[PDB]
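Here are the chains, one letter per residue:
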Amino acid sequence: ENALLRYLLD
Amino acid sequence: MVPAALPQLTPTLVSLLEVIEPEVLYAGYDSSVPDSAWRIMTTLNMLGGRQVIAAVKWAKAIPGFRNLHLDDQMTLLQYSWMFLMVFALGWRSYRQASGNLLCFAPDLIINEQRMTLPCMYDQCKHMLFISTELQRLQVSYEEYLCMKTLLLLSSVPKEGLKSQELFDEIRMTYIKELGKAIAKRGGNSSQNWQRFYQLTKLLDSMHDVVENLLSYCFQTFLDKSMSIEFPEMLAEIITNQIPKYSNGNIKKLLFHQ
Ligand SMILES: C[C@@H]1C[C@H]2[C@@H]3CCC4=CC(=O)C=C[C@]4(C)[C@@]3(F)[C@@H](O)C[C@]2(C)[C@@]1(O)C(=O)CO
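Line by line, the protein sequences are chains B and A.
Heads up: the first sequence begins at 741 in the deposited numbering, then just goes up one per residue.
Heads up: the second sequence begins at 526 in the deposited numbering, then just goes up one per residue.
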């Protein structure tokens, strides 16, 4: 549900 | 002539903020298109997604941010992105146009005529407002940087964050940094009190501005028949933000009653 934002944050 | 060199950091938060502030992005605007509110809105959203990605990279570098629970980090960015985007649009519009024109990017400046097209009028008034306040108050770059960090930390889940104590600490560091930025101007104690009051009133006023803008963002996002496009990054954030907004979960952290 938050793949893109989670990817950036990691 | 001088040698190439990176600017000298100092052990202060504002010095770090200055070095991590993302560079102003160009839209890569194809000005050959005809003038139309729907086309403009899509163009603004595509620029917005690029700015939001830059803002996420900026937030990760803010001391302590990455130490908050990952869920807190996502939530803070989902709740605050519009604040960060509108405040920076306000800064560009103030520095480049004294708050008279919407300066989205150096190659995307929306003039009075375009701002007054039928379906641009209302949203542009809301978008330009904060720029007029930055102009009125003659906000400095150091004040702006501190205030912009406070906007990342101005909206939280009603039930609290997972790393609440750390968040409160970080937020207070930037409140203090704003005071230092005001004080560095060299005013007397009374003037410092007055200016801090005025700038925190400005911060508080951002919530009602953002309410006006999210109403457009969410409606243009949801009503696919309007054919206004959003890039993936933004679409994902908005998809996740709407349920929190509509359930009344987004709690504003106001300085004043
Ligand atoms: C009125 C709203 C508020 C607008 C946003 C205001 C903040 C902003 C500043 C920028 O530098 C670039 C894009 C954004 C982030 C934005 F301009 C676009 O995304 C279009 C936007 C959502 C809006 O125009 C629409 O809903 C259009 O669909």
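Among the clues, some could well be false.
[Said to hold, decoys possible] Selected chain A positions facing chain B (Cβ under 8 Å, derived; list incomplete):
(1) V581
(2) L662
(3) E754
(4) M758
[Said to hold, decoys possible] Label-pair ranges, simulated between beta-carbon atoms:
(5) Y747/B / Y741/A: 24 to 32 Å
(6) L748/B / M526/A: 38 to 46 Å
(7) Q723/A / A743/B: 38 to 46 Å
Hints are computed from structural coordinates only; laboratory data are not their basis.
No residue lacks a Cβ here, since even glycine has one placed at the ideal position from N, Cα and C.
Here is what the structure says about each hint:
Interface restraint check: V581/A against chain B, minimum CB-CB distance 5 Å, threshold 8 Å, status holds. With its C-beta approaching chain B no nearer than about 33 Å, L662/A sits outside the 8 Å limit, and its interface hint is violated. The criterion of a C-beta within 8 Å of any C-beta in chain B is not met by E754/A, whose closest approach is roughly 16 Å, and the hint is violated. For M758/A, the interface hint holds, since its Cβ comes within 8 Å of a Cβ in chain B; the closest pair sits about 5 Å apart.
For the hinted restraint 24 to 32 Å between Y747/B and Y741/A, the CB-CB distance of approximately 28 Å keeps it satisfied. As the Cβ distance of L748/B to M526/A is approximately 40 Å, the hint placing it in 38 to 46 Å holds. Here the CB-CB span from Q723/A to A743/B is close to 41 Å, well matched to the stated 38 to 46 Å.
In terms of the numbered hints stated before, the structure departs from hints 2, 3, listed from lowest to highest.
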